[PDB]
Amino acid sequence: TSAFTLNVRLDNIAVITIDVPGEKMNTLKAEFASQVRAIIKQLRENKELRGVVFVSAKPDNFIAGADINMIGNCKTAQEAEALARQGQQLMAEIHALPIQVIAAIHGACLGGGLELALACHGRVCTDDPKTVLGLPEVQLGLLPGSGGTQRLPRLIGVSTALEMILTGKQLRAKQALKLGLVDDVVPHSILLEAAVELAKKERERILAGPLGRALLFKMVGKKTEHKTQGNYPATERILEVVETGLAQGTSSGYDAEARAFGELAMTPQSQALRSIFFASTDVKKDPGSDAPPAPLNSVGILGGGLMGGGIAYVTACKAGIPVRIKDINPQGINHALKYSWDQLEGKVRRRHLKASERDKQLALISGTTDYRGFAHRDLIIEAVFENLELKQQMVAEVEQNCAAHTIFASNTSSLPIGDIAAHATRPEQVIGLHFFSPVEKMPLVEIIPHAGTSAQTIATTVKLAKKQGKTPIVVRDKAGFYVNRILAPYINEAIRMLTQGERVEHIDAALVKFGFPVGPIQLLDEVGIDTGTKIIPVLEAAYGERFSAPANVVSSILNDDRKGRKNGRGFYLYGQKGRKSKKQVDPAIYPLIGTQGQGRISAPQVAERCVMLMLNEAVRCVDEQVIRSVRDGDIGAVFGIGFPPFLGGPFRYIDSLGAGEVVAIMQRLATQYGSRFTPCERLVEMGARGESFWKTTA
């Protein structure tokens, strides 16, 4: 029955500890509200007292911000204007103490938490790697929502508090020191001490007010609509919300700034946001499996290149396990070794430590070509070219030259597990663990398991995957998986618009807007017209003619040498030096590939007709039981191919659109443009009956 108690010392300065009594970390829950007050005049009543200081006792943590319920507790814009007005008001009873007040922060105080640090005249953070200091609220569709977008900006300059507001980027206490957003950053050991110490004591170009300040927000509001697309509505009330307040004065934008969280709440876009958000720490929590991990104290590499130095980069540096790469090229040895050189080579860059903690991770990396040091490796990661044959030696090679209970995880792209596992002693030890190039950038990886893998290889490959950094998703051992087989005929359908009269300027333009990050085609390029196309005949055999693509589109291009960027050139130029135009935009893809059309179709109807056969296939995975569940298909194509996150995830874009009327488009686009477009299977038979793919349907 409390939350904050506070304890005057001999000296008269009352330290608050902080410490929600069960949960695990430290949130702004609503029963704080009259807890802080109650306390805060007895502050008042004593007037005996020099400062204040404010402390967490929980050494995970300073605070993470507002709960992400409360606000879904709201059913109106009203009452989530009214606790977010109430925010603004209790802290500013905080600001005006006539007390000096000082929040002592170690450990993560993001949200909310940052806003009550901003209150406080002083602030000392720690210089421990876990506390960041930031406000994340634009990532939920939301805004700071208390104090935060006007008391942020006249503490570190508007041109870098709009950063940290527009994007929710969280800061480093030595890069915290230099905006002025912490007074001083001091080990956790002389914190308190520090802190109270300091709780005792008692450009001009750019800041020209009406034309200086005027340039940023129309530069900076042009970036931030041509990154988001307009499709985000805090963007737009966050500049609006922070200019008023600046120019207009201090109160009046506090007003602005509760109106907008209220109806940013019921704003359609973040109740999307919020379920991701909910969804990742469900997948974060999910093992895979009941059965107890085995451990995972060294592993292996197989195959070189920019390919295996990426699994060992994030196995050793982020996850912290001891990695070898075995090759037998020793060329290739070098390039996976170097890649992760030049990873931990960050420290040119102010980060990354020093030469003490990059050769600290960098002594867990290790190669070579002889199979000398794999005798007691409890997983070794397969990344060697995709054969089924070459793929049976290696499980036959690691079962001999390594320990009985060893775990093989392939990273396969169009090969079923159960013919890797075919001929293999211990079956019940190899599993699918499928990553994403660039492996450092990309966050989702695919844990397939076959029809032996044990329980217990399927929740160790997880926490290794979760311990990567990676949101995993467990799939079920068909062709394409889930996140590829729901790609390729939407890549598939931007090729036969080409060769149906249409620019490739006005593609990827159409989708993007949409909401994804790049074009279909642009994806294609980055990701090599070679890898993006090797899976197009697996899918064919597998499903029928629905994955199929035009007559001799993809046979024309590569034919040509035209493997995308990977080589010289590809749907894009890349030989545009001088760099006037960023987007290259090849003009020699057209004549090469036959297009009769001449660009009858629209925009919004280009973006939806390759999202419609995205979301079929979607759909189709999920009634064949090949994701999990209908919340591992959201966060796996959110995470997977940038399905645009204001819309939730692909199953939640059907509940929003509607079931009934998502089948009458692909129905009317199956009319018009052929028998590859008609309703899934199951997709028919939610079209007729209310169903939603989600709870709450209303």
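Here the rigid core means the biggest group of C-alpha atoms that line up within 1.5 Å when the two forms are laid on top of each other. Residue numbers count along the first chain shown, from 1. First, how it differs from the form deposited in another entry.
For the residues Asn552, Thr250, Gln393, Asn297, superposed on the rigid core between the two forms, a C-alpha shift of 2 angstroms or more shows up only at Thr250. In this overlay on the rigid core, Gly346 has a C-alpha that sits 2 Å or more away from its partner position between the two forms. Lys285: CA moves less than 2 Å between the two forms after rigid-core fitting.
Once both forms are fitted on their core, a CA shift of 2 Å or more is seen for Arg579 between the two forms.
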Second form
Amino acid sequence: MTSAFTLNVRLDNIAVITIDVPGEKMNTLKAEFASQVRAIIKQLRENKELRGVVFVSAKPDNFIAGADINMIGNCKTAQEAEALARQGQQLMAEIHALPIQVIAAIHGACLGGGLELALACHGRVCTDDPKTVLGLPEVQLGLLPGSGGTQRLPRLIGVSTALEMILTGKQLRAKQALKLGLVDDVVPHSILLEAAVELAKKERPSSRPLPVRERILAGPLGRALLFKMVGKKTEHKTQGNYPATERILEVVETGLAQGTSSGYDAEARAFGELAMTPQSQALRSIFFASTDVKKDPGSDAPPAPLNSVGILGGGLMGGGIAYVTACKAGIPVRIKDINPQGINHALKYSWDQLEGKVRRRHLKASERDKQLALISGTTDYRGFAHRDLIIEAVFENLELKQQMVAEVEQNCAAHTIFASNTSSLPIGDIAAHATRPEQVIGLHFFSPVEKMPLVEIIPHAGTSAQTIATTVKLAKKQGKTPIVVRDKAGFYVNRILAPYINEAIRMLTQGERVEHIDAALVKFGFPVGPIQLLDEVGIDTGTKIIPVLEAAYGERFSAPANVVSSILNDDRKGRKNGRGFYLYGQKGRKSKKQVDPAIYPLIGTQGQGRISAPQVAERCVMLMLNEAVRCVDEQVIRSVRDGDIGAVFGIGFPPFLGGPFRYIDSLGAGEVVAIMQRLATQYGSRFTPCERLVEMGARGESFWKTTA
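Output block for the form deposited in another entry, input the form deposited in one PDB entry:
The following holds one chain only.
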């Protein structure tokens, strides 16, 4: 077969290394390819007439996608993972040690070890295509750049700037990469190799200058003061829950302060030990699960046409649906709302979202105006007879929704899908009177629609397999991570979140402050405390599903007696209207979030606060974990893969734990049964271990079969 790295030497005394991996659509840079590069480098120093070498992708979508993460998953111990890093560090050193000039012609994604390969080169030229992105995202997997990225990057673009790329793993477009010095020049794709061979002719590359902000911190005092500043800023964000953050600041520091060989030793040591940490094994479990979600078509049936969609109901919710289907899926969308202000809000919604991109980022306002041509709003019935799918986002009333179904069935074509955004109404009842109920399905979004990547797809008993496959294809085009959940009350996300929210409110009635509860679960790993979470979504919004959950399952979803009615009777609906819990009237830009002291008189407070922060998070998490196991036992979710994905992306479950089921397997089934059996003794039967979990605890069952 044709090798992954093909070399042909031009007659102008430069060589071109073509990187075409026939296995996958992306150059995954497998560790097995080390001998393929080592056989080529010897042929480069075969003749001294050569003047340069060029790495080109020869693939349309990416340059090098990054190191194959299956290599790490098969490492049995940290010493094997340390060897993979050293073997990678050994190859990048020999490419950099060539007497001729090595230059990378980048087009498409250049991430992970792909950027470490470009950093090992002497010059770089990338394409201005929006697909061309540069970054080191090894830390989203609980690792760090293991092929010299922590050492070559600070030496090139700037130490403080390199920390931002390594700590966050963010991608850089060609514009930002040229200014920071990561790429020497950007060039249209038509003359990329032609521009790359020119840079190879030149004897020396530019002796790059350092930015003034980096020269300001130059010196022993400034370098030690930067790491202490960054160490405190990342400790606030990660809450100390990510070991890669602490090892990155270490490896980057010692490499600058010690010998070149030592920094590479510190890097490979940190890479191998991080590969064995449970945090990285959990973060890589999300990477595998997210990849499996994109591959999963939801159904084996071919998807229906998807050339035009319409949405029923305007407002901020409808505008968010219209935004993601036109600005991400590229499908023209039309909005129907009998209230004109709902149309104005939905249209002014997408305008505000793109004007932010016009402000100091993607810009191209001509494309912004060209993007808004796909959205349209009306209060009449014109422009809907040929819509391929309808997303209903109207008031949560059963009679109103099945009335919208009849409108779609007579005013649209015979094949159009009716996708309901319902959260408390079953899909089967919406399609009860539908002439074609096989085309009625649930498509649950979470507000804000742009910030929430997870969506729930709820087919009812009579939903056709073709309808399921078409709705998930639309969700992926809209940049959403979908899970297909059964038609039961609460679905999965909001169901496992209600006792989590109820217990945080319960401790508010028992004397615990708002700051102590939210800071406890933020320390546990959640991005935002439960009290602040109920406020960002809205008080009535996050609590309206409680009655339906109590009527279908029992008293475990029961909230404190009258505190939910007492807060909504005081016009406190959260950050929407700026009343309740945390007060939002502050004027400070970075003003510390302060709670409204009047929320405690409204709530029936009885106590003085005698519960530590780990107990606070334990009481909230154990009630969520119990609901998660009940969903996978009742087949509400299709598998634990969807359950972990649904919680990490839906309710912000801490990613370093890998999801609720990875967390239970981390602690052990029988171990969490004893924990909840103890909480049930001193708090109430709502903490009773669920019926499925005691079976797993009595045996040696785990949620994910291959154990570790």
